[PDB]
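Construct the complete structure from the given sequences, taking the supplied hints into account.
For reference, the chains in residue letters:
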Amino acid sequence: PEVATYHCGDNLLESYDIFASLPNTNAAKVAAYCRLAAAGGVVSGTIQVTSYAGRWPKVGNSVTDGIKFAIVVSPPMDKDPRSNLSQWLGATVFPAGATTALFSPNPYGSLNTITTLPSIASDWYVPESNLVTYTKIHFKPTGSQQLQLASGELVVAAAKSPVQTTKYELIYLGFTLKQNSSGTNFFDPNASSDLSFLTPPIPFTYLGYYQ
Amino acid sequence: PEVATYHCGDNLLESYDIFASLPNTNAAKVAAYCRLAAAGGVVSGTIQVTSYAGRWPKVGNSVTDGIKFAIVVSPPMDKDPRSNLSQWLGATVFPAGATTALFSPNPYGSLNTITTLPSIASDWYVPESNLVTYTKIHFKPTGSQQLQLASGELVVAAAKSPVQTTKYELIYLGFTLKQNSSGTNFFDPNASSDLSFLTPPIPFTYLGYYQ
Amino acid sequence: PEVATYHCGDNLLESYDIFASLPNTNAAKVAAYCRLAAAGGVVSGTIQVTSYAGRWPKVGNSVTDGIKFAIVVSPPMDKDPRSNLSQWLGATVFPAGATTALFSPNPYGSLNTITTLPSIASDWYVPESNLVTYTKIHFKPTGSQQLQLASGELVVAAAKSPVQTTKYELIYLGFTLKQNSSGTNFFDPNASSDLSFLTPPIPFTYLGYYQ
Numbered sequence: 583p584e585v586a587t588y589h590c591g592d593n594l595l596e597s598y599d600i601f602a603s604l605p606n607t608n609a610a611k612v613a614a615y616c617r618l619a620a621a622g623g624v625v626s627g628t629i630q631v632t633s634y635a636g637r638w639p640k641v642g643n644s645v646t647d648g649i650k651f652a653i654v655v656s657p658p659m660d661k662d663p664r665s666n667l668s669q670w671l672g673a674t675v676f677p678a679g680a681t682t683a684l685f686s687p688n689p690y691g692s693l694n695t696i697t698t699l700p701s702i703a704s705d706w707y708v709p710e711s712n713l714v715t716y717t718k719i720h721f722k723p724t725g726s727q728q729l730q731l732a733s734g735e736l737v738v739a740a741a742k743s744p745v746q747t748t749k750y751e752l753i754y755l756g757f758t759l760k761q762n763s764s765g766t767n768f769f770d771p772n773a774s775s776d777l778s779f780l781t782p783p784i785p786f787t788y789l790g791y792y793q
Numbered sequence: 583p584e585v586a587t588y589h590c591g592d593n594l595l596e597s598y599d600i601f602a603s604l605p606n607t608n609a610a611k612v613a614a615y616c617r618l619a620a621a622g623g624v625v626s627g628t629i630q631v632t633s634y635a636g637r638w639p640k641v642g643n644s645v646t647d648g649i650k651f652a653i654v655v656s657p658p659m660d661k662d663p664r665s666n667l668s669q670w671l672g673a674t675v676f677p678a679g680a681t682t683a684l685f686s687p688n689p690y691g692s693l694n695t696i697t698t699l700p701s702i703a704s705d706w707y708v709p710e711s712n713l714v715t716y717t718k719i720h721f722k723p724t725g726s727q728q729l730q731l732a733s734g735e736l737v738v739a740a741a742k743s744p745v746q747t748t749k750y751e752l753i754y755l756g757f758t759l760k761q762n763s764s765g766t767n768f769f770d771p772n773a774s775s776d777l778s779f780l781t782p783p784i785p786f787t788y789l790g791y792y793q
Numbered sequence: 583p584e585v586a587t588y589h590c591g592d593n594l595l596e597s598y599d600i601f602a603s604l605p606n607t608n609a610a611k612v613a614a615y616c617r618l619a620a621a622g623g624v625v626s627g628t629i630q631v632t633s634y635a636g637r638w639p640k641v642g643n644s645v646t647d648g649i650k651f652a653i654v655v656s657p658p659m660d661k662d663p664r665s666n667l668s669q670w671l672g673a674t675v676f677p678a679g680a681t682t683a684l685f686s687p688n689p690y691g692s693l694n695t696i697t698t699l700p701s702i703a704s705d706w707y708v709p710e711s712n713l714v715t716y717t718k719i720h721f722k723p724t725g726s727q728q729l730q731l732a733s734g735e736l737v738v739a740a741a742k743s744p745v746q747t748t749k750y751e752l753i754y755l756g757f758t759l760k761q762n763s764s765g766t767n768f769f770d771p772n773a774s775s776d777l778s779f780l781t782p783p784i785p786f787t788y789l790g791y792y793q
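Residue numbers (the authors' numbering), protein chains in the order written: chain C, 583 to 793; chain B, 583 to 793; chain A, 583 to 793.
If you're looking for bench data, these hints aren't it; they were derived computationally from the structure.
A hint or two may mislead.
For identical chains, the list gives no copy identity; a pair is met inside one copy or between any two copies.
To be verified - Listed next, the in silico EDC-like pairs over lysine to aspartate or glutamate satisfying Cα-Cα at most 20 Å (straight line):
no. : residue 1 : residue 2
1   : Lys640    : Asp776
2   : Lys760    : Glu735
3   : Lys661    : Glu584
Written out as C-alpha cells, the structure reads:
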C-alpha cells in the first residue's frame with residue numbers, strides 16, 4: 583500500500599492495560615496509544631502515555647532520578663505473540679490485511695544496531711547508556727501541579743527479545759520525565775495515589791521494511 | 583485523501599503580514615510560510631520565519647534574553663475566523679475540498695495536553711515554562727553577521743483560544759533564537775533597522791485528525 | 583507522484599565507496615545508505631553510516647574533539663554529475679521517471695539559508711558554526727566497546743557547490759559522534775585499525791520541491 587497505518591492502545595487513555603518496565607526490576611501499568619504511518623519505507627508516528635502514583639512502585643526519588651519507564655510497540659505480535667512485551671490488547675492495520683512488517687524497524691538498518699532485551703518479559707528496562715543505538719526526542723509532559731514536570735526525553739531503539747519466534751524487530755520506547763527541584767516525589771508511598779503524568783503525542787520517525 | 587497538504591504565508595518571505603506575539607505584552611510583524619503534509623493521520627511540515635529590527639520592540643538585550651516570539655498556525659480559520667490569531671491571509675488545501683480538520687492537532691491527544699492561550703488576540707505569547715506540553719526542535723537560523731546568531735529552538739504545542747467558535751485545535755509555534763555573546767543587541771533603539779534574522783524551514787511532526 | 587522514494591548506497595554497509603569530508607582537509611571512505619520518501623512536498627528519510635579507524639587520519643583526539651565528518655546527498659546528480667561530492671555509485675528513484683527535483687531542498691526555502699560549500703570536490707567539510715542554517719537531530723551510535731561511544735549529533739543543511747552545473751540544491755549531512763571521557767582515541771596512530779563506529783538509520787525531515 584502507498585500509505586499504511588498501525589495503531590494500538592487506548593486513545594481515551596482511561597484503560598491501564600499496558601505493561602511498562604521500570605529501572606531496577608520494577609514495572610507499572612500505563613495507558614498508552616501509538617499511531618504509526620508508513621509511506622515509502624519511512625514510518626512517522628506518535629506515542630502518548632499516562633499513569634498515576636497508585637500504579638507505581640515506591641522506590642527511589644522521582645525528583646532526583648527522573649520518572650523513567652519503557653514500553654515496547656510490537657508490530658509482529660500478530661505472527662509472533664510472545665513479542666507482545668507490553669501486553670497490548672490488540673493492534674489495527676490499514677488497509678486491512680497489509681503486513682505488520684511495514685512497521686518493524688528495517689532489517690538491514692537494525693543489523694548490529696539492535697538492542698537485545700533481557701529475557702524476562704516482565705523485566706526488560708534498558709538504561710539509555712546500555713541501549714545499542716537510539717534516536718532521542720525532546721518534549722514536555724504535563725501532570726499534577728505539585729509534580730512540577732518541566733521536560734522529558736524519549737529514546738527510540740530497534741529491539742528484539744529471545745522470547746520471539748520470528749526475526750521481526752520491535753520498537754523500544756524509553757521515557758525520562760524530569761521535574762523541577764520543587765516537585766514532589768512521585769514514588770513516595772505517602773504521595774497521593776491520584777498524582778499523574780501525561781505526555782503529548784510525541785513524534786518519531788524510523789526506517790521500516792520495504793522492497 | 584491519502585495525502586493532503588496545507589500551506590499559508592508568503593514563500594517569498596517579502597510580505598510582513600504575520601502577527602507574532604512577543605514576551606512582556608509585546609508583538610511584532612513577521613514574514614512566514616508554513617507547509618504541512620498529512621498522511622495516515624500523521625502530519626509533517628515546516629515553518630519558516632523572518633523579520634528585522636525595525637519591526638521589533640526596543641526593550642532588553644537579545645544577547646542575554648534571546649530573540650523570542652510565537653506564531654499560531656490555525657487550520658480551522660476557514661470555519662472559525664477568530665482562530666486566526668496570526669492574521670494569515672488565507673490558506674490553501676489540496677486536494678480541493680479536503681477538510682482542514684486533517685491539520686488540527688488530534689482531539690484525543692489534545693485533551694488535557696492543550697494550552698489555552700491568553701484571550702486577547704493581540705497578546706498571547708506563552709513562555710515555554712507555561713506551555714502545557716510541547717515537542718522541541720533544535721535548529722540554527724541565519725541573519726545579519728553582526729548578530730552572531732548561533733542556534734534556535736522551536737516548541738510545537740497544541741493550543742486553543744477562548745475567542746474561538748469551534749472546538750478545533752491550533753498549532754502554537756514558540757521560537758527562541760540564541761546569539762553568541764559578542765553579537766550585537768537586536769533590541770537596541772540605535773541598532774540598524776535592517777538587522778534581520780531568517781530561519782530555515784524548520785521541520786515538525788504531530789498527530790492530526792483521522793477516522 | 584503521490585509518494586516518491588529515493589535511495590543510494592549499500593544497505594549491507596559492506597562497500598566503502600562513499601567519500602566523507604573531514605575537518606582540516608582530511609577525508610575518509612565510509613559505507614553508507616540513504617532512503618528518502620517524498621509526499622506533499624515534505625521529505626522524510628534516514629542516513630546510516632559506518633567506518634573504521636584504519637581509514638581515518640592519525641592526528642588529533644576524538645575523545646576531546648569528537649568524531650566529525652560530512653556526507654552529501656546529491657539528488658540532482660542524474661543531470662548534474664559533478665554534484666556527487668560523496669561519490670555515490672548511483673541512486674534509485676521510484677516511480678521510475680519521477681524527477682529527482684522532489685528530493686532537492688525547496689528553492690524558496692533555500693534562498694538566503696543555503697550553505698555554499700568550498701569549491702573543491704574533495705574538500706567540503708564545514709564546521710557547524712559555519713553552516714548558514716540547519717536542523718539538528720540527537721541520536722546514539724554504536725561501535726567498538728573500547729571507544730565508549732555515548733551519543734551523536736546530525737546537522738541537516740541545504741547546500742550547493744560551485745562545481746555544480748545546475749541550481750538544484752543538495753543535502754549536507756554533518757556528523758559529530760561523542761565518546762565518554764575514558765574512551766580510546768579513534769585517531770591515535772596506534773589505535774587498533776579495526777575499531778569502528780556504526781550509526782542507526784538517523785531520521786530527518788525537510789521541505790522539497792513541489793507544485
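query: Against which earlier hints does the structure fall short, listed by number upward?
result: 3
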